[PDB]
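Form solved without this ligand, single chain, as structure tokens, below.
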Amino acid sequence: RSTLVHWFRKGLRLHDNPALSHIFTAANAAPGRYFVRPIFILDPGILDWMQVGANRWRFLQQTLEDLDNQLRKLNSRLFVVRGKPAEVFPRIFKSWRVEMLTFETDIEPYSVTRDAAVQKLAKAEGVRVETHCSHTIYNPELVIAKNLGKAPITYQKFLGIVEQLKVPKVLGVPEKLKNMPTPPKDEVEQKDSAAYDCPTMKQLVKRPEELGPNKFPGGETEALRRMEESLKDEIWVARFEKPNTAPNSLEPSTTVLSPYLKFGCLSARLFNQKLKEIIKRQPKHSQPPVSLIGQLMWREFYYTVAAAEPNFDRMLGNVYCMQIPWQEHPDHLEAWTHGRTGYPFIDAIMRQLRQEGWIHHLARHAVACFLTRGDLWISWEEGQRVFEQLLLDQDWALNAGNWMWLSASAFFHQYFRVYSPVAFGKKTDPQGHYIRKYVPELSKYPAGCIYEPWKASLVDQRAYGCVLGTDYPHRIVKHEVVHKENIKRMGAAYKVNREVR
């Protein structure tokens, strides 16, 4: 027999996976002719690379285990092949006698050059390759082409384009494999029968002391359970307005589907389809940009602008990005990174992020504004790096785009609007329950100064069990001064950019 291979990278699901389904229907169309190998390639070198935190490793570990469990139900399994694609594919193309390889496409620069190299190797070896665009509802290439060769840079124009595009069929889970014995062992499997088994926690998480509570388990099964639980309250879904959801509710005010959508545990096209069905049923409903469907479209929007710019994740060489003379400040960056800025709202958020790997969108706004244009005047690239480490939903395009938005570098330009690290959280948490949870050293402070503890006398600090400078830091900057100076810096940078433009 010859081998059909599906290569999982994102798209870590069985549902709505045309690349995977193509392999399974091809096998059942010619029973006895093929072996099927669903694979994930794991480079064991990067397990101690600092840009992937322990919480995201755990999520991947859990996702891979779920994916194996689901493939087992189809008379298959997951093969987790350790190595780099450049060495792995030449070996397995030969040893498995591979006839066809499928995978879901990705727009990220690294994957573009990785996949081009894979396709070059395949054509040399006479392996067929079939790729599918299913990570996004709309194909960025088609959006850009429909918009005369340019990515739309405003949301309303983007919507106007995608309304003209067709949405492919959402697929179910593939068919069970018929007449599919286990493939014969290759050289690697002959030495170690467990060589391609799912990695353990010990194998994947090198820094387990960095793990926090497992609030958001990995995998497609959890993705679908979580979505279905979200979709149950159709009134909540239909009337959803992002701006009215709280950043500092102890329980998430939004769906927390982002990690599942990032990994492909949940199909964005399926989620889109389910929401459309609800909106048809609910006469009173919100519209984009603020609706739940609108949030999915924001994801589509950023994927499209990112697709057209390999430098999307930096300032220099990035066609969208305002050139702003951000400053280096190691100490302030470290304080922000570790939630020791001395603004309890900011610190609470940065601590929740590190511990749990998800923070609400407007919490992201608050800390990202603070780091960049609002207060510290540090580049959004530094914030991006920290988020990249700590977020379960770390997404190249989404992280870059939203960091440019919040820094008023691209897409958003009204830099006069500046979040207050003192006032913003009060609207939705006047008692400061969120701060009391994530900055417990301040948990006895009255609500009157818990957002602004510098207003407390020394005798009051002592009475509250937390003395500033000892038990919680002094504030690293004075918001009321620096944000006004930074508005002027922003205006000056915009002028310089206009002049070049």
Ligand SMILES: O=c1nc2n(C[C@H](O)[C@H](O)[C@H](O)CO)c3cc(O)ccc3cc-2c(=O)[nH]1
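Only residues modelled in both forms are compared. Positions refer to the first chain, counted from 1. C-alpha atoms forming the largest set that superposes within 1.5 Å between two forms make up the rigid core. Compared with the form deposited with this ligand bound:
Checking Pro440, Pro44, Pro473, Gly465 for C-alpha shifts of 2 Å or more between the two forms, after the rigid core is superposed, gives a single hit: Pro44. At a threshold of 2 Å in C-alpha displacement, with the core superposed and only residues shared by both forms counted, 43 to 50 is the one segment of at least 3 consecutive residues that shifts between the two forms.
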The other form holds:
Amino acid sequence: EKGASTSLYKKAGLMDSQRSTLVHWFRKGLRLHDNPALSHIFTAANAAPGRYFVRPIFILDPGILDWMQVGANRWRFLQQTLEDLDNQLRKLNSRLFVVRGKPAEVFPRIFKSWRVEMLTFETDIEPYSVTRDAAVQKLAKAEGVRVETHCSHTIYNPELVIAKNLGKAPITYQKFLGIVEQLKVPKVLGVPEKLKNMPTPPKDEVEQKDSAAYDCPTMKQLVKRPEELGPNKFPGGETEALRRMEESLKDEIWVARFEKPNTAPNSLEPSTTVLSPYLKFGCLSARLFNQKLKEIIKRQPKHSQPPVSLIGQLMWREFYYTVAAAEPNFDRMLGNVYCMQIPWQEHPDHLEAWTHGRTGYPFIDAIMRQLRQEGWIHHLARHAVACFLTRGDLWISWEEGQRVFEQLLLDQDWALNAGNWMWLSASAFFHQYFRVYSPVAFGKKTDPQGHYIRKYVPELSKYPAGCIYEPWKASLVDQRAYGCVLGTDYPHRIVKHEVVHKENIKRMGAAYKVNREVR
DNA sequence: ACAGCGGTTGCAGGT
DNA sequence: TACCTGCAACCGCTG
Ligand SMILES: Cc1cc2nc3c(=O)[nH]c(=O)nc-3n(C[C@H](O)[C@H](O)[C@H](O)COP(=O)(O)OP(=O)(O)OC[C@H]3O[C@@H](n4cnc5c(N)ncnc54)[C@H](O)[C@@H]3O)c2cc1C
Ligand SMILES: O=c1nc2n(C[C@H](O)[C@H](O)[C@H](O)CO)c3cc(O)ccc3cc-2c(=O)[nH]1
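Can you swap the form solved without this ligand for the form deposited with this ligand bound?
The complete assembly is shown below, putting the previous chain first.
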């Protein structure tokens, strides 16, 4: 009987050559938890153990760099995320395969060599993803590969929101809420089960030439300019995502009473959750986070509501996802159905100054430096610098600010970055352009001593709180006494806010009329 | 039809 | 304190 059982597994070792492959394709959805596309594959494999190999893949795609600027800090985040993801898949008797190449070229090969029966992935609405996925579905159809996609990057499916709103994406938040209240949310899933009867798949032609061909990229492979790395304040991956979420949810009174407008842009520690990079890469399920918040809200029936509550912030994400789904030119002014056409000026020197936090406005400069160094800044810090760049002071296109954020943010999100840049430039969604953030006054409310400025603009760290926000008010002798002379150790302010913002408000009114008269 | 309402997160000067 | 008004007056939705 022991002899018999031995004969059985020896024979099955030949049978293994006859297996087809089930592929889950990670792009976002970079997590095991609440991942229906992944769970699909793992359930299919375990429902028929012996029949399939499982290949969880991430395609490290050179085409991304034709579309997106990616700074060193975000490359490091991705490196860490893929490593965490392989660690978690290992626990399930699997692993991550990181296939280098463009999807259009990779998929023809692997469909054939792995004998792929089914491919799953989490859907996405970005133009890159739309064109990519269309090409892959086309190829899978031709090649007879079953493709099942799942919508789980968002709580609501943009397509279904647009359908329920009679074919149009809602363009106001309250209307969006009224629509999504009528939609059901799928069940939030746990991590998939361990794979049964899953020997490692046989090496393909690539693996045969280099056994490490699909192994997780190193820092050296992914970060080509490590001199641009800052402190690793927000480590990548689902494990860190979940730890951070549980920590952020620990104070249920803080959660229950959360109002975004009352959180500081310049607290030295984040005043909000900093779950955004995790949500952006899919290291954290938005649907799980929402579920967790809802549990807390049950226990704390006295709680804040949208727009300002924590659930409210998730809904903003959903909101911008839906409007972005409907408009591939979401990230440009021209041809963007939502966007006010505003004659922004080009000014290379001012853009450079803003980009590198050398505007001569300490608050603005502090924020831009934190962003560059750390890759996260608070929402209202983003407001301050985005308003400054666009309608507030420099009159430079929101698209140029978008580009800088796109490089520097760990949470860089096509829809969210574009949506909020339009908001802040009063190009779309927000239209009360008479409200202009003051680069001098805005930060004072939450940091009267200027601690944040003293940290990120250390050259000004000896200035009295009375002029650290407005160092040009200090005489030359006082500047010398504070160890920082304007024009020498810190730049002269590149524009005068008190003049230019009034001029820009007039320009905004004139642009608005032109746009009105087109309709 | 177009007035009235509400709109995540303005500032300054004031109660 | 947490809130108010004046400042000029925008948008989309609603009826
Ligand atoms: C000009 C500008 C550019 C921005 N670019 C991005 C970006 O590329 N990627 C990005 O994730 N956020 C972006 N934001 C939105 C917002 O600032 C960040 O989501 C937020 O600061 C992240 O911090 P948090 O996770 O601690 O937010 P929390 O306040 O803790 O909110 C929780 C989650 O809700 C979502 N959320 C919060 N605020 C917004 C918002 N305003 N719009 C949409 N979703 C929101 C995020 O996923 C966030 O993680 C931008 C904002 C501005 C003003
Ligand atoms: O499929 C990929 N997605 C990558 N993405 C994820 C990307 O957001 C999704 O592929 C989107 O679906 C593209 O529209 C990255 C995102 C970043 O912010 C930075 C780098 C990458 C790199 C890749 C990549 O190599 N392959």
